[PDB]
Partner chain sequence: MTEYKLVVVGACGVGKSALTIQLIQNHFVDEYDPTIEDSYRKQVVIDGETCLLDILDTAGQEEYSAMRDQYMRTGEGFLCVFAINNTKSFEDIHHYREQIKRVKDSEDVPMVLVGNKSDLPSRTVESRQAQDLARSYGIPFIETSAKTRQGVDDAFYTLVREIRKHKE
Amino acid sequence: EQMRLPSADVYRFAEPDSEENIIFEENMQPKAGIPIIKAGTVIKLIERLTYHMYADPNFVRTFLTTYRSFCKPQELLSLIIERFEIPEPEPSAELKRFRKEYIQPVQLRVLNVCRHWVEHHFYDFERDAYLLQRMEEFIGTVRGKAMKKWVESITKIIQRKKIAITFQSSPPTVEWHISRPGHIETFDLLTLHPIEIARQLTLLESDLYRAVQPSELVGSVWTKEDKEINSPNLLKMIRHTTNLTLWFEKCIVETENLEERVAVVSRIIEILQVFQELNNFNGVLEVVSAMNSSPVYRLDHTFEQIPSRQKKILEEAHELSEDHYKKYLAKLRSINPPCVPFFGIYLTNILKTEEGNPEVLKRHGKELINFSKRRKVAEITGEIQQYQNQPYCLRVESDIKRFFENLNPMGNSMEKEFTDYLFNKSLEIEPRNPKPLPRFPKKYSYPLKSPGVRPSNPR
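Quick one: this chain alone, in the form solved in complex with the partner chain?
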């Protein structure tokens, strides 16, 4: 026995499924045994988002993360209210069945959608107070004792949302080299302890990685004209990375004495080694980028004096980027949190996913929303989030932290001006063949020897 809903003329979600309104991929939702929706009309997507036969957490997350390309927030809310408001078919028995097995489950599922929406995508409501107005009045409308619990829970969440780290066991001892605690004026690449440089950059960069939300990524919004409005945390993260790469380049090419410059490069490689121990891949690549930069890469006299062990360290790290990040990708899949991924790959994959697939598919002349495209985007944003939950077991040092936050190697210069200055500086310190190599005087009045990359004290 089937179930007999009302006519589609009075309730749009009663329309039956057909090749013209909903289509599926050939395989089954993993863990769950549910079909994977490929495409559908918004009516059908909403039917299935609140389907009476079973719950679909996967589809709910995916939908709520990606819907805005094809459905405005206000539209979505109107649709779930319409979905909720189920009339009975016209002339007990099937009736009781219809309330218990169609109306009640659907109403619950709508409530579940509201709860997830408000819990995980509250930004829709911060940005549109009228949307929140409508959600509050809808919720206050809702009738049953079956519903009371979910309604109260939604209301509590809304209130929490309107409102404006310490470790598992001991973090390691903070490391100091030449600069002493408090003496922020002495801090520089060679005077801080390389271990601690890498630790404190990793902390900064972890927090930066963790602040980026899917709302800054879905729809490729970081590439559009409103990028500063829509992707502020992503952009701060990238700017920090760029800033550090540039600071490394600068440290290198402004150290004119060959021997001192070798110490500088060697120290950077040591910091890279620690990033690597910490699985800070963003840190790793900010060093690799610097070393591959046109002002640094050409410094053959400097490279020649780098102890071979550290040559090998740098060369291995460069290799992570080769062949479209083949080794980086494998290494990342194989490690466990905490880490700091390199974000660039995600950005390219999201953009290419959105650009390389149609927004709609057509079937028997009917337009269907291409949901599989959105699913792929949500898989990428889901991979980003998996590396965001676990913090590092490292103590912040607030002076070293401030030193790296306020780093500004470019100064008041524009990009072009600055990178030309770096390149010209490179040419000055190691001229092109056949020009002979000049000598330059030492600029550092403290010792150049590294304290190495092993902790100075136990446990």
The other form holds:
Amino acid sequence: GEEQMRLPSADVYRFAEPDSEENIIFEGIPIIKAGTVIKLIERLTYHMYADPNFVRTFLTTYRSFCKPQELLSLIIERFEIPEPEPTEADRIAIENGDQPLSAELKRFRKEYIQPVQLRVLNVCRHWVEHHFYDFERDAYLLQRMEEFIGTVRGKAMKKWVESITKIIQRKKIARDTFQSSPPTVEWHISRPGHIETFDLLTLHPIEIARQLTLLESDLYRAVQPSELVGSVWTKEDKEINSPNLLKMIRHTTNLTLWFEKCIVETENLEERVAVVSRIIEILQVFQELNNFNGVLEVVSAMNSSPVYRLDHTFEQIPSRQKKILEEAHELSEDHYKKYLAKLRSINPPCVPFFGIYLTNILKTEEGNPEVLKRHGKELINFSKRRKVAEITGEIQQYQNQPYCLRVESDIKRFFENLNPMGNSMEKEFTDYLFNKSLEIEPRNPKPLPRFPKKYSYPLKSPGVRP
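Structure of the form solved without the partner chain (previous: the form solved in complex with the partner chain):
Just the single chain follows, nothing else.
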């Protein structure tokens, strides 16, 4: 039909085949459900209208179905559009040295070529702006992008080229505040600079919670949405593709296991009650700071196999502290209902519980297929990627909430360098912790033995009041 005859032939251009039930399906601007990578590229650079939601979602999630080098190749191929031949009358005009009318040729340039080409430059611009890490990770990808952008011709295009170049140069330069005064840094037994004595009971619990909240706030803010798409952090190139997400997970493992280690390696019962009570006070200060992540790390250490079973320890923990722990536990019950309302009801700044996003992303990744099948043809399941992208969007809404708290560089380093496992792998460390729990508090038929004190300093806490 007339509309399809004015588009380029399939023998000269791959992005103009007619839409069909076996190359694209959909759920204002229509919402793409699934499609071939070629039909996804066509709609990413659609001539009829701009589509900021699809562009944003595509560039966050495309790595789960297309490599960066392949995407750049596809948008460059999209950009090189063949022009139609002159009409018979215009061929005669050209043959006589005269100017052709070129009525359809001019219509095709203005209504299809120029919009698609600007749509391609818009993808390039959004790509360099929001996902510059693709270019930092692949210097050759950036070389290709700059060669492409640098050889575009025309005045309306050179302005787009300049704004794309401006972002690229700003991103390269980038790689090579508090309204109120922050509260005074709290000290307890350990003195500033005496890093050799830093420990759970020697540092002030207020300061432990404040420095862990700064650390976790920074780890939470550094996570980029694409590190969470397609379970790439659990796959071969995880270190390159999910460096910030892996640091976030490693910190929670290390901190959680260090709390467990602090507890079960305190073999004396009265000393272990002081350790458990101190971790609960740390949790209370995380609650005051709206560090839900920290609260649920403490809940996770208290609920772990080696700690949860310590009946004699928890028996000496005051009811008030047991009630705080129970209420913190109940943040997680009923698919995190209390937590979700508390996250929305509190005033910023805060650190959301990161684990819930990973759980929801993994359920979406496992619960939906990679492709949809329509008339024997496989189509990329794009709605699956959009659902994952919507969860990463929830992560991003809390990533601009800095804390009015002073960094204590030695305490920061102390928590950044937690290494409870040492040369052990996680399984043999958790097996060791559990066996240590059986040693300090044997199962009921066996009696409770006594163990000598390991701490020379006082056990009384300075409390959670500044």
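Basically, rigid core = biggest C-alpha set you can superpose within 1.5 Å across the two forms. Numbering follows the first chain given and starts at 1.
Measuring CA movement between the two forms with the rigid core aligned, the set 193, 250, 261, 373 has one residue at 2 Å or more: 373. After superposing the rigid core, the Cα of residue 11 is displaced by 2 Å or more between the two forms. Remark: with the core as the superposition reference, the CA shift of residue 180 between the two forms stays below 2 Å.
Residue 67: CA moves 2 Å or more between the two forms after rigid-core fitting.
Lined up on the core, residue 97 has its CA atom moved by 12.7 Å between the two forms.
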